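Asker: Please arrange chain B with the ligands on chain A, whose structure you already have, making use of the hints.
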Amino acid sequence: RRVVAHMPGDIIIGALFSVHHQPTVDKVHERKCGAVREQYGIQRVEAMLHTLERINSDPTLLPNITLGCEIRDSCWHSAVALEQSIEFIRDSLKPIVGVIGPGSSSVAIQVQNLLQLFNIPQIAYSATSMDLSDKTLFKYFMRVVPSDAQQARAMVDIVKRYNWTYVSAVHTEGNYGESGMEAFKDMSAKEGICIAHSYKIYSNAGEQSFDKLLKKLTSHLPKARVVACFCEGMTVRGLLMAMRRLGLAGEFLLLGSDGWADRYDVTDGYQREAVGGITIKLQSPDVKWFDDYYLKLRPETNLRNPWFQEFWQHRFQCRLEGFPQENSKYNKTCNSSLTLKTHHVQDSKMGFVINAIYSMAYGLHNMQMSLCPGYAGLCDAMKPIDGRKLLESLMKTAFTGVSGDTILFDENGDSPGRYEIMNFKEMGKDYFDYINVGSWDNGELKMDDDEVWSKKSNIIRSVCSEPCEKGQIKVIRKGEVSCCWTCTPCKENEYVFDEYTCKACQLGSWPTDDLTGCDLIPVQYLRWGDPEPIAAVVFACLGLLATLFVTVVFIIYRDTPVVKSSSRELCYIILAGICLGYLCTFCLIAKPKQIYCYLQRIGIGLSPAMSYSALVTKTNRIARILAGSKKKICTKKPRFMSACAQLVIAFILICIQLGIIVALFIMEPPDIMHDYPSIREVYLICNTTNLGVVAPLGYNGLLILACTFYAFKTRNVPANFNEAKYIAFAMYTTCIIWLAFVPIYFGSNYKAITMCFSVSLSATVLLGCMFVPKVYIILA
Amino acid sequence: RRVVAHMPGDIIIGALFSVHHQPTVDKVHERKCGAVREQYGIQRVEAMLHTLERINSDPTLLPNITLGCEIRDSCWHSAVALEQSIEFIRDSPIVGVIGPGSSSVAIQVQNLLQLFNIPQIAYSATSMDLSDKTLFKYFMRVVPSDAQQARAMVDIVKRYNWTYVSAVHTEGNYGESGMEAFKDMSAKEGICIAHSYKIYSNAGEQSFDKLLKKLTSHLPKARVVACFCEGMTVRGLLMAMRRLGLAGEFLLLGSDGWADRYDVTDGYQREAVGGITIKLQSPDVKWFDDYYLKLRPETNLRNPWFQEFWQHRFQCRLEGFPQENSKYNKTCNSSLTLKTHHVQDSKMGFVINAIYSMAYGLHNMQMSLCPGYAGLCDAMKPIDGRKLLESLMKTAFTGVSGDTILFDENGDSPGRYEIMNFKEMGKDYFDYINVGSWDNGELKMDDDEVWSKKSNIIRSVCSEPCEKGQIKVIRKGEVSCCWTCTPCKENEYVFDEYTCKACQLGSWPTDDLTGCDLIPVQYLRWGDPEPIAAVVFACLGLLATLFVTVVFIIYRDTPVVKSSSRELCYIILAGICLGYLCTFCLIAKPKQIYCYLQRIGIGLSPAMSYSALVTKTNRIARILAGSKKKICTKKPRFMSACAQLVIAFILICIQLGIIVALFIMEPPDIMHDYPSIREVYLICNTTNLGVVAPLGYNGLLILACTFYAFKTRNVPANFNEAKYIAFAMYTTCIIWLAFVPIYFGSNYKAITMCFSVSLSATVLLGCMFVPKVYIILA
Ligand SMILES: *[C@@H]1O[C@H](CO)[C@@H](O)[C@H](O)[C@H]1NC(C)=O
Ligand SMILES: *[C@@H]1O[C@H](CO)[C@@H](O)[C@H](O)[C@H]1NC(C)=O
Ligand SMILES: N[C@@H](Cn1oc(=O)[nH]c1=O)C(=O)O
Ligand SMILES: N[C@@H](Cn1oc(=O)[nH]c1=O)C(=O)O
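Read top to bottom, the protein sequences are chains A and B.
In terms of the entry's author numbering, the first sequence is residues 25 to 117, 141 to 827.
In terms of the entry's author numbering, the second sequence is residues 25 to 116, 142 to 827.
Just chain A, with the same shape it has in the complex:
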């Protein structure tokens, strides 16, 4: 059958050490475990035996009690451990007070469901899953190693510290890996990370599984350099063997969780590729006295340990003819000169085994005096020993570990602990080692970043998209995970608000340089410069001087018959109208202000009114004089209107236009409004509407029609130096100009300026072609 190591004693404590290897996938119903594991196996078994010798040899710790122990392998498998636990239970009814936990996590769960029923305590020295920390489904489980809830924090801390946010996660099958991922993935997706794709694999999978798993892990090759391997010991060995088989040459930075640890086993022989691997590991101080004891142990005196012979056969690949287990498959023989100090390595999680054994011993020590303090040993109270009373003693007991740190069990049945962020490098020529490169204690991630990455060119940040935050280029989500954001620019008026909002700045403002904020775009207008404004004001000045000259002539020459014959006051009216029309641009272009904003309307409307009204009335009177004299039969109506009625009718014809202007001014208050052709530019002009300008325009258009009709009715008339012979052309010109005005004004983009030119043309065509003629007549 299967060999079982035992230690005689009144009280026997169980133990499940992964003495052999995990049974090969080929066939497990035969329960054929694989090879013998040294570090996880024989060292742990000898630790058990030797520490039990120390305990039962210690007078102060469990006096007069020889704690025997039954040691059973477990081959690190769901299968063999269950059968061994069954053999524990069948003999429970010599009794077995408690067992020392199995190696992995899933095996711990499976043994725990069995052993919680029968009040048999268990102490696991390596199981590191959250699910076992629950005290409802696994109410009766205890361990001396902190949960992985304090390890997923370590990984999130590392992956945050080095800016990575796009990584690929491989977790070994079983409860340990699945729980570890369901911790790390959630805890990083919450904080700052987005996992590429969380794979899975079996520890003992075939070479094809790794040969394809490397293909998936290189699928994201230029974006996933951080293999978040939450993996057991053998799985990382599998990926490394795959790297060697396929030829990956260090293109990865592994992150080995716990099962990798500083264990040389996983990478020995082929440690040429794991370089850069950042591997967490529980803080396990070394033990020296046991190390010397084990080193000086030889097969000749080792009989209480049954696996020692084949272990000696394995490590030194030879034969021991002095023992029945000759292992004839080997050719060479083993000599006594060989000693264990040659290439000796001590497993990482070794002090935890002794810590667990000490915890069990101290629980028994507490329970002894919890009932019969006087008696030294197993009194009548504990003859039917009850694990119920031992459970609370374990809950409350707190010894001092061999390393030194005090051990306490919380309500969850675990113990606090720290970590150690080791790392793998290349020191010598073909010589590699696990340098301590940091530490971890309740979030205080300390890492000697200087020791590794001897340059500043560290590993690629492994982010899907570079920090695309340059300038106005903004990041937007691709409709998927935030690893690969879609990065796009914003438009000229579209201002990046905080980090991604491509909002558009308001119509009045402009997004400033470097997309820092919105600035109100400076306004532009016509102050005094530019070619056309100064040209128009010079035009106005010339017209003003000419008009002043003509008015002076006709006021200092009011007696001569060449001009006194025509209505002197009507000429005075037209002169004043032309003067104000010229003056309109003198205030139309200066600067748009509240005060001038209505003077502009005053000019543009009022001026043409009397500029043409006196002309219309004069031409109507002339027509009536001539048309009535065409027949001249009687025509005995000397007065008609005549007299001074011309001045009053001009007053009233001014008054109507004044009223129209007042009505517009009241209905449309004069004030400056900001205008803009496009968003690129902003202007400022008066608030006069599309209706404001044209409100007094018809009153003058019809008046122009009336005067041109009466000029037609006169046309060629023998008068005082034939004024009408030029007034006709003047009216033709003013008609065509005022007709061409509307198309030019509407849709001009230069509405404010063309008013002055239109008024200037209307003024000059009238003045020159109806007043100037008589001026050189004054010369004669």
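It is worth saying that the hints were derived from the structure and are not from the lab.
Misleading hints may appear alongside valid ones.
[As the list claims (entries may be wrong)] Label pairs and their computed distance ranges (CB to CB):
hint	chain 1	residue 1	chain 2	residue 2	range
1	A	720	B	570	47 to 53 Å
2	A	317	B	55	52 to 58 Å
3	B	787	A	691	41 to 47 Å
4	B	547	A	565	47 to 53 Å
5	A	208	B	54	56 to 62 Å
6	B	690	A	676	27 to 33 Å
7	A	418	B	338	53 to 59 Å
Even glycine gets a Cβ: it sits at the ideal position worked out from N, Cα and C.
Answerer: What follows is chain B with the ligands alone, placed relative to chain A:
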């Protein structure tokens, strides 16, 4: 400690069958169950014993080899799971084990089974999670999954349209999985589960009382209790029912466990009535009953509990045996047997059928391994149920109930339930009566036998439907169970049971709020109340105009009427007559031909019928223009002659131009106006802006002729025809102007327009034309 009735044999097969009642609350750690299960334990142990002896004594099943057995009393629960595992873990011989009573009592056993490959067939477990073979590989059963039970429960609660239910349940894998399935597959369809109270089977009086008081909190709302209540839970709830003395005010509804059993209802004759109770179909086994009746305490000693079982059954004592139990005062005489008050347990045939299932699987393995030898050859020396379970996977054979046994992939024998109740046959003897049968999704109950009156139990309904015509249901914030039903808008029809939408302008929702409809418009046509006198007025105006036209054209030769003009008068006649034409053309159903005709009329009619008057007044003023001054006035020509016709035509062309312009702007078409949500009509596209322009031009052309006629007023004309034309024309203008209020002041903006046109016509005729007729009369 626990006593075991060991039966030796060549092949010993294990099993897990309860004997006494469930463990007491304070005796859990003592590992000692309490009172005796009279109808369960002895029945099941005698069942295994008798079927085993009949199987081994029959060469047709496992020939030349005897069959042994070994069990450990479990008393239900996982409390004695310690003892069942103590027996189990023996192993390596074990070739067969049979699943214990409760599902959770067997699930961990199955988990352990999956490791070292021992077969196990259940008979009372029902949980669906056990049907999964991924993690429960070596588990089997001869009863179906609880999914069928849940489906049956949903079917029962929905057939009698119970919706708002208050659902207690038991605990373990039965209650939790059963309630998850029942809730998921019930509340989806129509069911309103109030809550799912949880309670252990052996609970105390206080917990049962508080649970009952929570259940009695919805008395007019949920009068059923959708128990997954186990037998013990029903026991306790009925204890509470009696101690409080509930009047059965809510109708119980048990589950798989509670069954027809007299086990827990007794003493409470009138209470728990109406207990619809799903029970598993199993005919009573024949050869078990007589063999059980043959058992006597002195004759049979191999069964340990059997000796004191008589003292437990009959209130007496056995002096002749060490199991005295002196607590009983009376003594047992030689006049007692098991025939009196006998009851056979319902869940009986499943045990025997499962035992036969495993025996036939073992026989199949026996033939398959070494056909040469019938018995135990060298092949069975390596005891291994791994191949045995694979052999029995496909095994099929007839069951003792006349049916067969087949193990599907899920490993449950197909079956069916019964839906049977509790009623009141006669005074002081109240008995259940099998009143239904459910089968694989095909349902059937004798709804008549249940509720053998008109009165039923109050429907498990939170609120009445209250869908009377329009009152529409709506939620409150809780689950879709209780509705504050409310009617929608009068113009809104119920889109569905909880949605409404307003009808379009065409109409309002029809009767019963079934949907929407279309109102038959309605409009103004020939007939009607008001137009009774309208075309009468129009025809009287026609009579007047025809009379005046015939008298004028018959007296046209005399220059009496030729004093001023001839063509202008004819234009007046034409205009007034066509205005009457307008008032005919209106007040009808508007169509495409009518639409533009309306515009043409109410446009050019007053236009020309007043423009001719304008020109005539112009002519008379021009005649009297020079009379006042008469200085020379040697311009008698001007235009005159026939140029008055030209001036009239050029004057009237503007109105036609504007009319055609608005005709282009507004095409002649008929639209459905909406004066009110209730009613609609049909009318042209004419608007205020459409009508005001021709009316404006006609005002422009009426003002001038008013002014010119007033300038004329009293003149020495032919009989001074101008005396009355202006006198009535002032009224003409005042009525035309004062019309705008009435037109834009009521919904009658066609009949008023017609009356306006008719009046504005008749006033011109009666003044400008009536006197001249009397003139040419004499
Ligand atoms: C990356 O992480 C390190 C850690 O301090 C630090 O440089 C910084 O916070 C992150 N960003 C860059 C650009 O380094
Ligand atoms: C609903 O319940 C009433 C109550 O008497 C019953 O008559 C009817 O058959 C049930 N089913 C339907 C579909 O109405
Ligand atoms: N990480 C594992 C333990 N463990 O896995 C290995 O591969 N070695 C080792 O110690 C767990 O805590 O479940
Ligand atoms: N009550 C259980 C079923 N059940 O009750 C028993 O007593 N045995 C049994 O299988 C349920 O509601 O599902």
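Asker: Hints first: check each against the structure and report whether it holds.
Answerer: Checked hints:
1. A:720 x B:570: 47 to 53 Å: 51 Å, holds
2. A:317 x B:55: 52 to 58 Å: 57 Å, holds
3. B:787 x A:691: 41 to 47 Å: Taking Cβ atoms as reference, residue 787 of chain B and residue 691 of chain A lie about 45 Å apart, which means the hint holds.
4. B:547 x A:565: 47 to 53 Å: 48 Å, holds
5. A:208 x B:54: 56 to 62 Å: Holds, since residue 208 of chain A and residue 54 of chain B (Cβ atoms, about 58 Å apart) stay within the stated range.
6. B:690 x A:676: 27 to 33 Å: 28 Å, holds
7. A:418 x B:338: 53 to 59 Å: 56 Å, holds
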